[PDB]
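Have a look below at one chain only, the form deposited in one PDB entry, in structure tokens format.
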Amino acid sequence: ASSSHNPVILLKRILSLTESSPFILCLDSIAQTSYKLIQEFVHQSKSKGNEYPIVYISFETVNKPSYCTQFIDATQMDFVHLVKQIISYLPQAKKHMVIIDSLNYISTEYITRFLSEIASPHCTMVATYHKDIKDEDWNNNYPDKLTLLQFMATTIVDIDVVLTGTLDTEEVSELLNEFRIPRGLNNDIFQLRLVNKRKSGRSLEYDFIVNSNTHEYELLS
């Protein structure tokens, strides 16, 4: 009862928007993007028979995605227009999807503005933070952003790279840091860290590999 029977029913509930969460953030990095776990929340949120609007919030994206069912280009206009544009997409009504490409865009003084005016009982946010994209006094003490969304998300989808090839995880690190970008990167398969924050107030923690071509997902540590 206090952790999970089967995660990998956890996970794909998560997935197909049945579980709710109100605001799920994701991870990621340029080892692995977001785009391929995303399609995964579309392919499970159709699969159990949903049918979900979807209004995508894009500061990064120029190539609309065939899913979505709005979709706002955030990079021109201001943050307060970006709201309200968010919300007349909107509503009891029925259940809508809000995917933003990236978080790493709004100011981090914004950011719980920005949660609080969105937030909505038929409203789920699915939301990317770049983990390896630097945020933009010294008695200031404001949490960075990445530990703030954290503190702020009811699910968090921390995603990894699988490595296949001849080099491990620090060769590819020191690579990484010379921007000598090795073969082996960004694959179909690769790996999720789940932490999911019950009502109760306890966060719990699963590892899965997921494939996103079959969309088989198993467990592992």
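Positions refer to the first chain, counted from 1. Whichever C-alpha set is largest while still superposing within 1.5 Å between the two forms counts as the rigid core. First, how it differs from the form deposited in another entry.
- When both forms sit on the same rigid core, the CA shifts between the two forms reach 2 angstroms or more only at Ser173 out of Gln39, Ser173, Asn186, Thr164.
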Given for the second form:
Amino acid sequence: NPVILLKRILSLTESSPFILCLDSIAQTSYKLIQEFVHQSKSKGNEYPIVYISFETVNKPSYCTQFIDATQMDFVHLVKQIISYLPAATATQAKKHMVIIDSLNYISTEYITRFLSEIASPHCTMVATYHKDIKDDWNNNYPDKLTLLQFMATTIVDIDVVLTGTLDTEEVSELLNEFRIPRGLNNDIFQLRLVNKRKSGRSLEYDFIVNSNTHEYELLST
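For comparison with the form deposited in one PDB entry, would you give the structure of this protein in the form deposited in another entry?
Lone chain follows.
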């Protein structure tokens, strides 16, 4: 059943207005993102994809709109996104998928506003935040990652799958000193799905993913 669920989130069948992908140098999110695209097409739901780019310089083949955000101010960014989506009040429009390649580039004080502005019944947002890129009220205001995990309706925490001698802890210690070992960024990797149900009772499962054969398996941890 839990593999069924993950397949339902990835195909955008199990609706979730904000899907947060956490990644790192050890295993970036682009493969996971191609799973969303694959499972979407696959399970019949072929939605229009609006791609917001801060660091993606090669326009993905699967997107229908591509916004280069690097030069744009915040409000101007929001206005572009909004103009490609349906009127939040239409009651009769196609569901759009918005992909943001990195939330690290948006100021912490604008994060909630941004999410509030793009939110729409006709829209699902998949955004990635890089766990290892670091950020009068800032002191007390929650850090970007705590904030984003709080706002997300679904969380997908991506990790490397280690074929060698080291585990994920010793590797994060190596990366802290920018010592890059071999065997990172693989076609097979793992993820931890947190899904927030209507009660508030949150589900949480781990999975091995094969971005080559688009096949997932629960992880008996």
